[PDB]
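Encoded as structure tokens, the following chain is the form deposited without P-nitrophenol (NPO), with no partner shown.
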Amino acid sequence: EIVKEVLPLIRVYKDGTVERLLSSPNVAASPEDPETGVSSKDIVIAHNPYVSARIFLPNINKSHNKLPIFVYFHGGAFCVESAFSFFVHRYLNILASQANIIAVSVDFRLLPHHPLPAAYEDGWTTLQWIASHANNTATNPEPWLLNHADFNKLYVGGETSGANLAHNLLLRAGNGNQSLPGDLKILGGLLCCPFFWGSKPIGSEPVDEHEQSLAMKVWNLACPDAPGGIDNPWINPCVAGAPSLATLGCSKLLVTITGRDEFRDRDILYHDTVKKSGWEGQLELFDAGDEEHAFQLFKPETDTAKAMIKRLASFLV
């Protein structure tokens, strides 16, 4: 019997058995991906609360220099998708090889059982875990990080809800009484169609249906206790009295948008607010074209997807 529902994404029963939308099944890590040459391993970042990940290492054809790290958070409205899906595996294989970087695909906790800020906390745990490698305080070090990772080139990002998550990580890092082990800094933020919303319809957003929007339902499930509801700074970063976007804790920031994404105008407002917030870094915007959310993961062979991957490659640098 049904306790919660946010169709088409998720159904939760009295017993805590959950039906989720599943856009692709999980695939296994690979010693060497046939198409891209990227190696992957599944590792435990933390046992409790349980946080795992897949790490991606491109072909090591030269080893003069160490590689940028890209910590990636999948989308799925905080309640579906996976760090290990066919789509994410194949996508990060492409990115890792094209950009020549190490990728970390984070399997953070999801609704219904873990409301925000659980996912936020898991991302922070991930970053601490990475930074403890750099100052030699990691109890169970990943050799790939010790051997191939350039810790001065840490990038953090994702799609939609995952990009929202990265954004909140940036704010935490830019907070004064917050530090990573060894006071490690984040180089860059990559936010691809980030999930942001608000109580008032803006731009091309439908006016009357706004109260019934899927975003309202998703936010209520992810964080019902949130003060201000859909206007809480976690979901609406441009809301009055939110932390200033001048405190984003990186030095380069690329915001990615698309034509058919429901978050287009929110994303556009967000970038523009960062621009006039006083933030000091390299701020960039990329309009990926007439596409949906995350189109490049689904159709990586299109000219538009290839153009996006190329653009990202020149950013993750």
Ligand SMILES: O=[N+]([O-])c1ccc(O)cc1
Contents of the next structure:
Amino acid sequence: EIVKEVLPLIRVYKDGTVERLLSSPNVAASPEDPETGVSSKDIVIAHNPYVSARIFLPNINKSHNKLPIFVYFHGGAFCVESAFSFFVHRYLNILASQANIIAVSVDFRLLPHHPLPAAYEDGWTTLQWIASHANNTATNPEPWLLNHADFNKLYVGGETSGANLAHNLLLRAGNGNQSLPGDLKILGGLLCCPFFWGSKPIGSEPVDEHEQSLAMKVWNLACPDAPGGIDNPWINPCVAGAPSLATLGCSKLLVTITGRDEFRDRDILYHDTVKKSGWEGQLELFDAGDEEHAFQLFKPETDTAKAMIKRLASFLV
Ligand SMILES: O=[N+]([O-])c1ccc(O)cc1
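Based on the form deposited without P-nitrophenol (NPO) presented above, generate the structure block for the form solved in complex with P-nitrophenol (NPO).
Now the full complex is given, and it begins with the chain already shown.
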């Protein structure tokens, strides 16, 4: 008995069993990935609500300086994909080695059982957990963080909905009422093809088909009780009455887009809005080329993919 369905992403049955789109199976963490030299392990950030993660530590050939931390949130429209998939594992191995940074891939809660803002909270739980290492308030600290992490170089980011998640975290961080343990600051944000939408079609978005877009079905699954619906500031950050993008709680921000991504114009609008908002930080835009969103995870061997990774490495510093 089917209660909910957003094809091709997800089907939900009466008894809470779910069929999910699966683009790659999960793989085991590695003591040393053969191609990149990156070590990875799987850890528990919080038991309840349960939030786990894979942390990636690149080859330590020198240890004069500690390494930037990159908290990554996978794509998958809040309802599919995983922190531990073949694609994410292989991508972060490359990123961690090419950029020489520690990566933390967060397995945040998903629809159907955990509607937004669950995922957002899990992201915030992750950042608190990280900051608790910096001021020695962590209870079961991850030794890799204590030994190798530069806590003043915390970067937060992701793909599509994961990037929407990071964006939301940046706002929380730059809100005066909210702070991290030790008042740790996020240095930078990296949003790759972030999932943003709106009730009115814009740019090259098809007008007649708009109200039937997959983006709208995804959002209705993720947050049906959202006031304003598809114009809720969580999904439409450029909407009237949304918090000002001048309160983004970081100092540097890179937005990446692709030519074929559905959210290209939304992303472009987001960037321009950040620019003409008075946000004082360093703002950057990167057009990765004639590709789909997340293309670099699927085909990291292409010239286009390699150029994107090099770009990211120059940002994650
Ligand atoms: O990957 N994602 O997070 C997505 C993918 C497709 C979509 O329509 C919305 C979000």
